[PDB]
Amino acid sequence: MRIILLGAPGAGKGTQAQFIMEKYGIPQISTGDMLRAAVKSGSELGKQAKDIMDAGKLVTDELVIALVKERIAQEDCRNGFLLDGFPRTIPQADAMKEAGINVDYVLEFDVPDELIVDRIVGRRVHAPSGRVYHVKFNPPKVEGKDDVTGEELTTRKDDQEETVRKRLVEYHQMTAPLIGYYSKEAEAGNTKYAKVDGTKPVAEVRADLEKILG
């Protein structure tokens, strides 16, 4: 099974991706997590991403495409995968389409702009795994610790209000058109498309997604 998650920044995509991955035994493919890891380790492909993410700007189509095609050739992607953060632009989507990569589900998360900032400012992550928490809305079992490893959570350098505003602007301009792109794909019988209310509690959105996938 192959899935793509659509939605504005902080809509809850990464959060819900964790549940799908464990349930369906398919790997989460997060371009945001790769880019941050590349910066961290200084990987040839992705190292350059530091300043761009800082400014709240999108990284080049070609860099991310390369990261995805490299990552997606991996063996763990034999039986399917979940795309989370890719595609982010129309050319990114088209690159994937003409490579002959079709998916089964495109899942859109519907979340109002006014909720995004307070979500992102309270976000805490476990960098090694990509697991995400919220200090008020979705806290770890033990404060400041990852549930799975118990390791100290951190805050992303680009999770400040001003930076978040910029990502929003970028999304509505560059990424929003992907909704129509895949709605069109769905009508061609190339995939199934669905939208969920991303303002429900984490448990409920997970249940909604499972009704669609299971």
The other form holds:
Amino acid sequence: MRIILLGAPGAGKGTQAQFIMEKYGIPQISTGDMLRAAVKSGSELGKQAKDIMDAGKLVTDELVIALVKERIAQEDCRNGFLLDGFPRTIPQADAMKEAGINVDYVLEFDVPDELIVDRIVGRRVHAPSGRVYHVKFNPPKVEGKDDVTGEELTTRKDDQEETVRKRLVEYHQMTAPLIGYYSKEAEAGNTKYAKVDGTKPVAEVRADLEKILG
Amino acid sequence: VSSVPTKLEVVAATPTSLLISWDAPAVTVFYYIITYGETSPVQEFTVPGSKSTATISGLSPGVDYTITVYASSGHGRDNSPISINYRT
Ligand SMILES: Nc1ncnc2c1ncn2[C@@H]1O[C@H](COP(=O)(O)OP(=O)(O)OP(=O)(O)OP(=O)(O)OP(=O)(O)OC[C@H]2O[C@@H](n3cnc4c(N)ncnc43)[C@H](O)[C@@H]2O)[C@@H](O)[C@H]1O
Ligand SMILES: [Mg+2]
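Next, give the form solved in complex with the partner chain, keeping in mind that what was shown is the form deposited without the partner chain.
All chains and molecules follow, beginning with the one already shown.
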């Protein structure tokens, strides 16, 4: 089972990725998490990527393609996988098609920009795993602590409204063309496409995706 | 038939814009594809599979339009649509 999550940064892809992971037994592959690990490494390229991420811009195509190809060749990705935030440009999608990486579903999250900017205010993360909560719309069981480890939750410093809006400008310029790209693939029978209303509460977006999937 | 929407109607209008509504088909809808053009290039857009309404704008007043709604099962225009003709 192979799935691509498509949508604006902050539309809720990582939140719903966890349920899909838990139910089909496939790993989540988040290029953002992979890049954050590269930053925490401390290479010059990790530093270069952190400077690009801090400005709300995309890292170079060829770098992220190479990181994904390495990640999907691992033993835990045999039975399938969920791509979260990749591909992110047309050249990234073309690299997948040219390499023969087919997928079963492409799932588009429909959320308006101003609602995204609103939601990120309350986001909290468990940094080591990257798990994501919201103080109102998806709170942890006991305040400020990750649910299955008990360690503290934190807030990313790259979640300033200013950086959020820069990611959204990047998204509409660079990433939204993938909607038309995969709509054409779906019309050719190369994957199934679906569009979900991501403005609903967390539990209802999950219920709509359960209806689509199988 | 189970994959074709029914009862497509214009439910609100201005001289240049309108809102359409339909009864969803029986199948699970992955997304809808909506097309419209003068009854000239045809325009197309999508809405989530959970919706049963859509807005169309930029219409010329007093002109006849054909509006078509496809419910997709995941493979683009893979089910037959329902259409309506409407003069603004
Ligand atoms: N392929 C690539 N190529 C080049 N560069 C790349 C790249 N991939 C990554 N990068 C670089 O890495 C950077 C970061 O990438 P990435 O890590 O992917 O972050 P992002 O693009 O900013 O997307 P987010 O993780 O913030 O949003 P999300 O959709 O997962 O929503 P979430 O579940 O967290 O939810 C957001 C909040 O809302 C809450 N929420 C979720 N769902 C709901 C709901 N239904 N209702 C109410 N609240 C909800 C959540 O609890 C949470 O608080 C990029 O900017 C780029 O620089
Ligand atoms: Mg995410």
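Numbering follows the first chain given and starts at 1. Rigid core here is just the name for the largest C-alpha set that superposes within 1.5 Å across the two forms. Residues that one form lacks are left out of the comparison.
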query	finding
Rigid-core fit between the two forms, the member of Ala55, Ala176, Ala186, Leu45 whose C-alpha shifts 2 angstroms or more	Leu45
After superposing on the core, C-alpha shift for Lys157 between the two forms in angstrom	2.3
Angstrom shift of the Cα atom of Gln18 between the two forms (superposition on rigid core)	0.2
